[PDB]
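Enquirer: Now for the letters of each chain:
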Amino acid sequence: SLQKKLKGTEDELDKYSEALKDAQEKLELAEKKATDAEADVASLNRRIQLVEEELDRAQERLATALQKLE
Amino acid sequence: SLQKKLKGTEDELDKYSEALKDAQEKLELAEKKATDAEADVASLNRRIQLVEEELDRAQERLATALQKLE
Amino acid sequence: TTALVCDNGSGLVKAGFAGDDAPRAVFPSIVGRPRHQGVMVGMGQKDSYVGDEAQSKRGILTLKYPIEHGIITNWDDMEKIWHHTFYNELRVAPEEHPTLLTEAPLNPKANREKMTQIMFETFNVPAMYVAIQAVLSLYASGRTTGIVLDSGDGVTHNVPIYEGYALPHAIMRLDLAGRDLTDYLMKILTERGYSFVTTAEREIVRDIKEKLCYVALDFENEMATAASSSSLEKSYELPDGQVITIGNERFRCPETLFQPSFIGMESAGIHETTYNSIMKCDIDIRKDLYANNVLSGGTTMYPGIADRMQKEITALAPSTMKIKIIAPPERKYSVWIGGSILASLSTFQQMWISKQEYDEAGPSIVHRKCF
Ligand SMILES: Nc1ncnc2c1ncn2[C@@H]1O[C@H](COP(=O)(O)OP(=O)(O)O)[C@@H](O)[C@H]1O
Ligand SMILES: [Mg+2]
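Chains as they are written, first to last, in the UniProt record's numbering: chain A, 45 to 114; chain B, 45 to 114; chain C, 7 to 377.
The reader is advised that the hints may include incorrect statements.
Unchecked claim - Selected chain A positions facing chain B (in silico; Cβ < 8 Å):
id, residue
1, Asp55
2, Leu57
3, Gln68
4, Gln103
What the hints assert, rightly or not - Label-pair ranges, simulated between beta-carbon atoms:
id, chain 1, residue 1, chain 2, residue 2, range
5, B, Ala107, C, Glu207, 54 to 62 Å
6, A, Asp100, C, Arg97, 29 to 37 Å
7, C, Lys361, B, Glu72, 38 to 46 Å
8, C, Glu59, B, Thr53, 39 to 47 Å
9, C, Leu322, B, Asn89, 20 to 28 Å
10, B, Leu50, C, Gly48, 36 to 44 Å
11, B, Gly52, A, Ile92, 53 to 61 Å
12, A, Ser87, C, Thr231, 53 to 61 Å
13, B, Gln111, C, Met271, 45 to 53 Å
14, B, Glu72, A, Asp55, 50 to 58 Å
15, C, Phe268, A, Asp55, 20 to 28 Å
Derived from the structure by calculation, the hints contain no laboratory data.
Even for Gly, the Cβ is constructed at its ideal location relative to N, Cα and C.
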């Protein structure tokens, strides 16, 4: 009577262990992707400020050149 | 006899079930973090390329104004 | 005493006391009734389910929206929702609490008249007032000028304001909103093989749209990219399993706001209506309207909406003008925060509609000196 229940419990335990291993693999992949995205966004946000200041200086020089032209 | 084996099997099943539940919870947490990071980095990719193009046309306008002023 | 601020809105009711920072109670404006017979005896279930409680028993209910586009089409259900809000959620008697209600622009006068009649006679509020959504959103944003865009679930309207002076002749109202987006998402999901018809599955489609959809900066480029790569697919879990996948439909549904021709509407996108509303104003106030473009409402919560809006407006506006878009994180609750700010002002204490004053002036008092 109890042998079938024991076999089912063993099978579901094996399935749970396989699901746990798959979950660990997916978690590791997601963490690696998140770290890569964080590094990329850090570089992007540290170079966008330089781009913004460059364009601001360019437009200020444009304005003063236009004034002198007038 | 068999009763202790079944009790141990049930205890192990509960322990691995709790571990599996924690594994999922951490999996959705990491997935949400990765998705948020990816969305942010893509949005500011679009922002940084548009800003760079703005800088490019600003430089072109400045050069044209400089030669006109000369 | 203290003032009570309510916001019927459309599809979501958010109410709370004046002077607070966030609404105390938020729940959908849904009333449901059981369409089956029921076999258990002695259960004693009530006739109708209202508010968030009806969402927990969605499987045996039919859901009806008393508000279609700003206007109220069913009044018994609206009274039920108001009673629920006043009693079950806040547990406050409205006999000693002034109520500030919120109304969209360009609406029939009968709506305001019946709203005030129900508030004064059915609930016996000591005083009340009706205010426009856009003005209160501007209050919450901290600005004093700037054209504001409010896109909720029922209606989308633009109200330009300069130095505290509204411009009624430049107010544009469009009926394209979140509900039409959900309907188009239903119409487009059938292409892949997923069919949603029942009103209970309307909430499932709405949840998919809220949690998965995003706005594409370029439409043709994104369509070309998704036609080759498989990086845009994301999976969703239905309430019973049966995981589904969605591809192009991720960004095609929000594109209806910029391409109303998808659902057959004649009007143009919000990016063009905003520019037209700005151009309908004078020539000396356009700088501040360009530089103080305010967005609020639930439908505005799409990721990437601000970038696309700014790109389109800059493509339309002159290259000299600086284009800025204000998208605060708490866009959805902007109207309620503005209402809480307004109802707490000292100078607002003499702009209420009193009980005896309403009795003397009749239901049509709303359009008089007291607004
Ligand atoms: N995070 C979100 N992403 C996308 N859409 C959302 C989000 N939150 C809410 N919405 C949409 O906004 C609508 C709610 O708008 P709401 O603020 O109630 O407008 P109103 O106050 O005019 O009734 C919902 O129908 C929903 O589709
Ligand atoms: Mg609203």
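Enquirer: Next step is simple, just say for each hint if it's right about the structure.
Expert: A quick look at each hint next to the structure:
Interface hint at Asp55/A: violated, since its Cβ lies 11 Å from the closest Cβ of chain B, which is beyond the 8 Å cut-off. With 8 Å as the threshold, the beta carbon of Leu57/A comes within range of chain B, its nearest partner Cβ sitting at about 6 Å, so the hint holds. With its C-beta approaching chain B no nearer than about 6 Å, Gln68/A sits inside the 8 Å limit, and its interface hint holds. A hinted interface residue such as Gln103/A counts as satisfied when its beta carbon comes closer than 8 Å to some beta carbon of chain B; here the least separation is about 5 Å, so the hint holds.
About 59 Å separates the C-beta atoms of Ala107/B and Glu207/C, a value consistent with the hinted range of 54 to 62 Å. The hinted window of 29 to 37 Å between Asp100/A and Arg97/C is violated, with their beta carbons roughly 55 Å apart. A C-beta distance of roughly 53 Å is found between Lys361/C and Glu72/B, which places it outside the suggested range of 38 to 46 Å. Between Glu59/C and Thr53/B, the C-beta spacing of about 43 Å keeps the proposed range 39 to 47 Å intact.
Range check, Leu322/C to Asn89/B: Cβ separation about 24 Å, and the 20 to 28 Å hint holds. Look at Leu50/B against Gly48/C: about 41 Å separates their beta carbons, and that is inside 36 to 44 Å. At about 59 Å, the CB distance of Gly52/B to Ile92/A agrees with the hint of 53 to 61 Å. Hint check: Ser87/A to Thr231/C, Cβ distance near 23 Å, so the stated range 53 to 61 Å is violated.
At about 49 Å, the beta-carbon gap between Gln111/B and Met271/C stays in the expected band of 45 to 53 Å. Our hint of 50 to 58 Å for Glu72/B and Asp55/A is violated, since their Cβ atoms are close to 26 Å apart. At roughly 50 Å, the beta-carbon separation of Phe268/C and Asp55/A lies outside the given 20 to 28 Å, and the hint is violated.
Checked against the numbered hints above, the structure breaks hints 1, 6, 7, 12, 14 and 15 and satisfies the rest.
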